[PDB]
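In the form deposited in one PDB entry, a lone chain appears below as structure tokens.
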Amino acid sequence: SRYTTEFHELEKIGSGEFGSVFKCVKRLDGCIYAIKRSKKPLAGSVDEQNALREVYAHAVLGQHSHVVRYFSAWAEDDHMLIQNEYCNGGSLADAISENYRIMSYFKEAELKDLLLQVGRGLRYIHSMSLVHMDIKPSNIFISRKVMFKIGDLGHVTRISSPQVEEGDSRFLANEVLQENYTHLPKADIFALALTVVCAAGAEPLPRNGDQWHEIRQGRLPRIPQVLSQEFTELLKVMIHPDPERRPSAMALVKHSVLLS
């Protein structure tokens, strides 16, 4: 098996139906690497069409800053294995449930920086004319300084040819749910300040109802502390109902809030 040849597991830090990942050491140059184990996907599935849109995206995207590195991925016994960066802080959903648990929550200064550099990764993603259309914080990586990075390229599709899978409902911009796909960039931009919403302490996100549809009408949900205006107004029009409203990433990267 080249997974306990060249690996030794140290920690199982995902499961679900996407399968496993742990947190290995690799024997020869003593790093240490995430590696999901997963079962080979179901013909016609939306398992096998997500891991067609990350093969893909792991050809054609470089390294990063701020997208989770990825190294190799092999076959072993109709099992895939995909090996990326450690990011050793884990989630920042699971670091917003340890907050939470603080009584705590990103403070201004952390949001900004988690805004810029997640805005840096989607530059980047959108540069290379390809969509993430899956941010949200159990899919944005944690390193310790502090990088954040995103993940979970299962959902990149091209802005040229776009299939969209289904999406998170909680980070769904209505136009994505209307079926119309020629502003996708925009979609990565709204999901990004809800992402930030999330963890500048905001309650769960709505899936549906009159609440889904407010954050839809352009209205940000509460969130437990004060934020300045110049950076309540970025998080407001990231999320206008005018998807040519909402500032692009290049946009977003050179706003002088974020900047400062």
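Here, rigid core means the biggest group of C-alpha atoms that superpose within 1.5 Å across both forms. Numbering follows the first chain given and starts at 1. What changes on going to the form deposited in another entry:
- Just one of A51, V68, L61, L220 moves its Cα by 2 Å or more between these two forms on a rigid core overlay, and this residue is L61.
- Core-superposed comparison between these two forms: the CA of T182 stays below a 2 Å shift.
- A displacement of 2 angstroms or greater separates the C-alpha positions of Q163 between these two forms, with the rigid core held in common.
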Second form
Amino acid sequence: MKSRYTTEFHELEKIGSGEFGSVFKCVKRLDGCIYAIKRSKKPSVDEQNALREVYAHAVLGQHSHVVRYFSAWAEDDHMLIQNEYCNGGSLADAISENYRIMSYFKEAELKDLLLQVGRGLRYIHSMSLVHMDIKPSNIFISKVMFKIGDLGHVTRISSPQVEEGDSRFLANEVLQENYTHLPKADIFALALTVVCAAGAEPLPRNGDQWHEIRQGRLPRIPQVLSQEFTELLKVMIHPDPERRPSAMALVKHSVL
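Now show me the form deposited in another entry, since the one above was the form deposited in one PDB entry.
Next comes a single chain, given without company.
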């Protein structure tokens, strides 16, 4: 062996685990910097999916609100991607700590989260790409800076086949195999991500609560928000994708 991975990096800790691969905090020996490196089993259609993640990274390396890519390589029976390390952890971890402490993101902080990820979405979408798995565990924290990561579901905007993202954040039209307005699926997921940050109960994976949200009804939020902000969230989850704002329209919105 003596892996590129082994030879170029000192592995500090495991930071993430999944159905296909783990993420490690590593120090690159030569440059002294810390990176996040995902190491997954080399896969085929599964390989086409794994490569799209690499291709998406290699074109989305220039935005402040998208995790930067450095390198990808294959060795042994594993594929590796070396990304920017965000030292603030995931949004999902911040939200889970807030949950236990009963102190959530305040309206000002929710607006900042919405605007920052909204700018990341505007960049991705400007590249004729959609993310398709926006949720708190795929937003990373680094002024706080929020950065979209996990490009495992990224596809071109006019794709006729799509890999469906997390059920809790999934827009109905996507579940229905209607891919005419893919960018608005990202918008819908961003609104529910902001709801979670606002202190909501864990979102439903299926059943009747799941359908009511998809009717355009915001889950309960345990804090008072301006009507104008609540109304922006509600329109981002409109059952008609064309009524949801585009990312460009979101980032220029008077509420933000």
